[PDB]
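Engineer: Spelled out, the chains give:
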Amino acid sequence: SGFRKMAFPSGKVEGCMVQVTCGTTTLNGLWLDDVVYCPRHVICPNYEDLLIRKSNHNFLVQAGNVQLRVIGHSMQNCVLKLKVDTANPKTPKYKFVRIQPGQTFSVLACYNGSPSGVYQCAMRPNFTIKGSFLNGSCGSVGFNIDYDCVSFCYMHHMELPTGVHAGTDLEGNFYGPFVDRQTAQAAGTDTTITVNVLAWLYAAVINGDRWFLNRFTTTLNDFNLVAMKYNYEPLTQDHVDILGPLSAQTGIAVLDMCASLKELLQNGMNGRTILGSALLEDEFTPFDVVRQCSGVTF
Amino acid sequence: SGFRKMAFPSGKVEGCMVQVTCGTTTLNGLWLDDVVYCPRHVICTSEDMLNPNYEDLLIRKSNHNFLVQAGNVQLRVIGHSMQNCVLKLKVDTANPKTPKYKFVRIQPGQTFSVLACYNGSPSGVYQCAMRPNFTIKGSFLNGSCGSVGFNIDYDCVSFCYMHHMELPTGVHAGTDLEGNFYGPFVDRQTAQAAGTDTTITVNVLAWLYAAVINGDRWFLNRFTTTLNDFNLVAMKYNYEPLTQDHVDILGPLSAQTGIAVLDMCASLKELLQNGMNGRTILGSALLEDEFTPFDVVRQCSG
Ligand SMILES: Cc1ccc2cncc(NC(=O)Cc3cccc(Cl)c3)c2c1
Ligand SMILES: [Cl-]
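As given, the protein sequences belong to chains B and A, one line each in that order. Read left to right, the first sequence gives residues 1 to 44, 52 to 305 (the entry's author numbering). Following the entry's author numbering, the numbering of the second sequence begins with 1 at its first residue and continues without gaps.
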């Protein structure tokens, strides 16, 4: 029993964190095989022009107490790829994956190439992450673990004025309409990840929290009409299908749980909590719920 | 033990019934807080009924045209507005007997209790199900318009139906409490017919599980079925398709009795083919479809 916001074990990723210094700027890099990936803003904008003025020895890369020697440099979108002489012996089996909003991932927050903490995030529908970052966290990565393979899905680049965070996939493509420069940028109006709230309601049912259940059901269209009024993401037939296993395990049809959510949105919790929360939690995907309520290991 | 068609206690709803009179028309209204909800056709003169322009008829009305009576007390109407096919009469007194309530729109197959009223006075309570053709097989006479359908799960009354009309087959049509009709019906005297009705398959299976919980297994068999083969057979007996949602909903009953849903489906398939052969199931010689899976669990267990 119990339901916690749980991150993947960070060990395979910790062995990849290095410190990248370029001039006065110090941030984090991800050392995989003989390449160090880091935000291109470490050179700071005309990034092609700033990069052409740099030499390999301008980038000081530090892996623990060992200084790596940079033998090449190239830019792929908003990520800098520093070719190093040494292949990381701790390189795990990995993939670079781009995630969709609503998907969750773990973030290994680092400062000076050293991991300080790990937390679980969700890519918000407005493509920002409500992370926890201080100055020096740039280059901290977001990942998932698929059996023994680390899927890198995020690299931290910046903080928006609202305290939320923006970054890219590992191919340097930003999540959201953000750019890596000092200019007026704002996170768009956020919405609630509906499929995730339903997944979390199923987790609450599995943990014995059933007060919110009711005898009612709803049409998918009637629910989307209601959900649109509360700034909730539309629930698609894909989401309903994804929720299938949880629906089968608890005996509560997806549209049945949707009617519980409809009443919760119009009536609130009425002094009650669900999984120790007085708010509807949207940062657990249907897969996160199944994995935590089954015990999958890495 | 025992399985009865059980209605919710009507007390919380009785304290909300008021009489609404507009001209020659008298029907029932539901007094919740300082609002009286009733069918908008109370403003019609029966000569309007065929093609009524409700916006046009309502604009010609004043607050003092609507006489609202709560017991022996005449309530004062201080405002009026129309929301779909329901009239909302703002009154100068909040109902002190207003219970904790919600307005819920139900899906076909769902059940609810009906508090039948005449002249703002409750005369009886019965259990009903929203038919797959969106009609209800109620028991209503003239003057029952405005009688409400509800469920009382826990201490909150969930209003799901307001009676508006009787179709030519003796079945009834009405709306949710936001004035949206169930089915393709309109509050007009025009030619309207209930579509071909079908048996609520998930409810019959729930009722077969209730029979098993009550000690009856005569109808069970050694067979199982695929969901698709059950639906092919069920369609031929005018039964609603059973979806994966229904199979999932039947999960708890299947777990409690040790009989898999598709196993129980094979038993229903056999009953459809053979009939009962002079036998009964829960005192009925017909397959009962007005108990949902939720009704069976509430009544048989708690
Ligand atoms: C005579 C009678 C008998 C039983 C009845 C049972 N329920 C309702 C009655 N009346 C109506 O249906 C009034 C009506 C007519 C046309 C359109 C609308 Cl929206 C309403 C009943 C009347
Ligand atoms: Cl329903």
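It is possible that some hints are incorrect.
[Said to hold, decoys possible] List time: in silico DSS-like cross-link candidates among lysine-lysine, alpha-carbon distance up to 27 Å: (1) A:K269 - A:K90; (2) B:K236 - A:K269; (3) A:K100 - A:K5; (4) A:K12 - B:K236; (5) B:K88 - B:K102; (6) A:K88 - A:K5; (7) B:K90 - B:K102; (8) A:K100 - B:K236; (9) A:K61 - A:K5; (10) B:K100 - B:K90; (11) A:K102 - B:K236; (12) A:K12 - A:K88.
Derived by calculation from the structure, the hints in this document are not laboratory data.
Engineer: With reference to the structure, classify each hint as holding or not holding.
Structural biologist: Outcome of the hint check:
no.	hint	result
1	A:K269 - A:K90	violated (53 Å)
2	B:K236 - A:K269	violated (43 Å)
3	A:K100 - A:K5	holds (25 Å)
4	A:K12 - B:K236	violated (30 Å)
5	B:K88 - B:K102	holds (16 Å)
6	A:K88 - A:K5	violated (33 Å)
7	B:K90 - B:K102	holds (18 Å)
8	A:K100 - B:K236	holds (23 Å)
9	A:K61 - A:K5	violated (43 Å)
10	B:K100 - B:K90	holds (19 Å)
11	A:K102 - B:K236	holds (18 Å)
12	A:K12 - A:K88	holds (20 Å)
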